[PDB]
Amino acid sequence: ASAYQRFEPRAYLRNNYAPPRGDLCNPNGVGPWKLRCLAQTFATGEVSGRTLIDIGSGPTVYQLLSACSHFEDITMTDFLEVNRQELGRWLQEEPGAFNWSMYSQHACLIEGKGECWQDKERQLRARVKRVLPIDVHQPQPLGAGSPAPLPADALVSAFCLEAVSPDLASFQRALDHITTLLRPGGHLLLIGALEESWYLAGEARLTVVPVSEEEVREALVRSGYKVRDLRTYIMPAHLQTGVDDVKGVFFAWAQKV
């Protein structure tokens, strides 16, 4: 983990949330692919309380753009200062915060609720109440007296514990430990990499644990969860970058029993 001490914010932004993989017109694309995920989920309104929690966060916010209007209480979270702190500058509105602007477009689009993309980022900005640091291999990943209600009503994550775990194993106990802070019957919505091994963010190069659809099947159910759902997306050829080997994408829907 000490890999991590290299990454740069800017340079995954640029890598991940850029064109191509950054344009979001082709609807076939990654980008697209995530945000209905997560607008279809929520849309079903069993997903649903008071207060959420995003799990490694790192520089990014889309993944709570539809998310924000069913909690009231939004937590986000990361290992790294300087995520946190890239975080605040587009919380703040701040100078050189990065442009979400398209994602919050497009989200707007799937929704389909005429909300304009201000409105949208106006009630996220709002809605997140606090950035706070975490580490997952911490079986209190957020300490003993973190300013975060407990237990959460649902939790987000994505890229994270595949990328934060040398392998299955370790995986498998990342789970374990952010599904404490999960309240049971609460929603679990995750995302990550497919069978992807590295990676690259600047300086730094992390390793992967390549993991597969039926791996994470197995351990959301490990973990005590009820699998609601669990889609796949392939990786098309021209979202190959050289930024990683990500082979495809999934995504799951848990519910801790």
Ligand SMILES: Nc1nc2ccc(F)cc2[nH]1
Given for the second form:
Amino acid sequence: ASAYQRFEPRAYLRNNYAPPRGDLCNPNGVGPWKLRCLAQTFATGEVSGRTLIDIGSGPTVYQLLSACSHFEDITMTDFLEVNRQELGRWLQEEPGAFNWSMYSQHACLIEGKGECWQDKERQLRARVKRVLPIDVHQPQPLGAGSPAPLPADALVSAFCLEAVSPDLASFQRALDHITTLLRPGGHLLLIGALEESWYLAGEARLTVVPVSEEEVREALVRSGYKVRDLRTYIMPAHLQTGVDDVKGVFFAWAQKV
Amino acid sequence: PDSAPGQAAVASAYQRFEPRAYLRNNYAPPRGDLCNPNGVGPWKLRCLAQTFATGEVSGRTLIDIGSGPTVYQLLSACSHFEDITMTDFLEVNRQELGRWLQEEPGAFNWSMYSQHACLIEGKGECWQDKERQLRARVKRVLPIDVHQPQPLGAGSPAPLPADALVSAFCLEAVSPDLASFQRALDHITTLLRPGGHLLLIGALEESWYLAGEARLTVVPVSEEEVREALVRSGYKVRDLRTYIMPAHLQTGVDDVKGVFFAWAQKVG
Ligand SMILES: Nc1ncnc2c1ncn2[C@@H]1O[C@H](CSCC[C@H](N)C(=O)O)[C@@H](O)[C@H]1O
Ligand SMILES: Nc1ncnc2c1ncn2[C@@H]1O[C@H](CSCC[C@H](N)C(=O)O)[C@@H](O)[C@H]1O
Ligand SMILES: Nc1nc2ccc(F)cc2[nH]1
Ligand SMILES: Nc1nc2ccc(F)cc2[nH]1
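Complement to the form deposited without the named molecule: the form deposited with the named molecule bound:
To see the whole picture, the full complex is given below, headed by that same chain.
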């Protein structure tokens, strides 16, 4: 946990969202695969509502590109101030913002509605109402009097739980915690690293709990979810770069029941 | 009568043609805004994409007639032709194309066009790949004069006859009158093989446009005049459609009233 106090957003972004992993041209890559799961899921029309919360957003926005057109009130979160600052730089189009435009473009490409990427980013920026601090280790992760409309109609979280959880059991609790934020019948879209034990973010070296696809499913069932979909991306050799030891990436579509 | 005087006026006027001002006037916003699907930019790209998407227009070689300093008109084309010849009257335009081919930063940025083409072609292609293909497939950039009976000169590089021709906003913009327009059409048609296709885009009812200092003269033509010329030159007209310029795209860089797109096949 206290390791997260060294966490460098720019080094994280660079490590995971710039070439090679950030090169979206090849459709067999992890970036396109992620955007596709996201896009395909929302395209079904079954994941809808007014409000949505992104859990442990970090400094990234790609996880909301296909989401923003289905929810008028979007709340983004993160534990670190430095990440919330970095999101704001993109939200307010301030100087030095990270360039997500390749991801926007690809989301537009994938969605196939002939939308221009500027419109997509415009809609996202407009629908994100707030960037709030959060701790999934807390039974009320957002806190007491959070500005966030609760309960949310849906949740999104990518690369968070397994990355803030020393082991399987804490992972499970953290899931139960955020689950309280979700209205019954609501939807959760969860993405994460498979069988990963560490990753770097500049001077920070974060520990990760290695989880498998079945472990992820069981955890979801335990937390009271019906698993609508659960898919795995195996990490090709050329995307194994020495910034971590992730073996695969999972995508889960779960419904609170 | 005499063609030489009019043609000389034209050549003269174009010596003031500034590529940069022209690009700004026509391919930067508002006209270069590709977000509005009702805009002229997306209408053009859509016509070209839909046409190549029939699979009916293909082969080895393609010639773009009067390319100027633009490439958007080849974005959908380049996936169907291994060998592409670009062309223009002005050396300054040919250099402008030079900058883009070398992928120089000084060059004009067509990435919004490349992206929008990838977007409507619906193959999930990324724009960097499309641009890299176009650059690979452009085999030469040649001087051209559509008023000459051999527009490319004699014993020219271009593989002739070409399997298809593209031309956008050239003829009506270098032809002083309908008869000159018709002749220019006849000359370029000699470059197309029989059974080949011409894709033609141009201004409707326009008499002038601006390219910096240069305020140039244009023969205003109508859909029906365009159709008759194509028939006259020995084409079957496969498609001919018209875009009417919205008031807010009428910005005083020209007096264009609409844009036409013609798909025509040379009778053979
Ligand atoms: N106790 C905690 N509660 C919630 N988030 C935490 C947390 N501790 C660390 N985090 C955040 O978890 C994030 C993991 S990295 C994930 C970033 C982004 N979601 C992506 O898909 O790339 C970090 O930004 C980190 O600050
Ligand atoms: N006699 C001639 N023969 C062929 N092209 C000529 C010509 N005289 C001028 N041109 C070219 O006609 C062009 C018209 S502007 C069209 C540029 C481009 N095709 C586009 O779509 O924007 C100029 O580039 C100009 O140099
Ligand atoms: N956190 C995190 N983001 C990623 C993006 C791509 C990838 F292959 C692994 C990743 N881990
Ligand atoms: N030469 C030229 N290019 C154009 C692009 C759009 C338009 F509306 C008019 C144009 N004229």
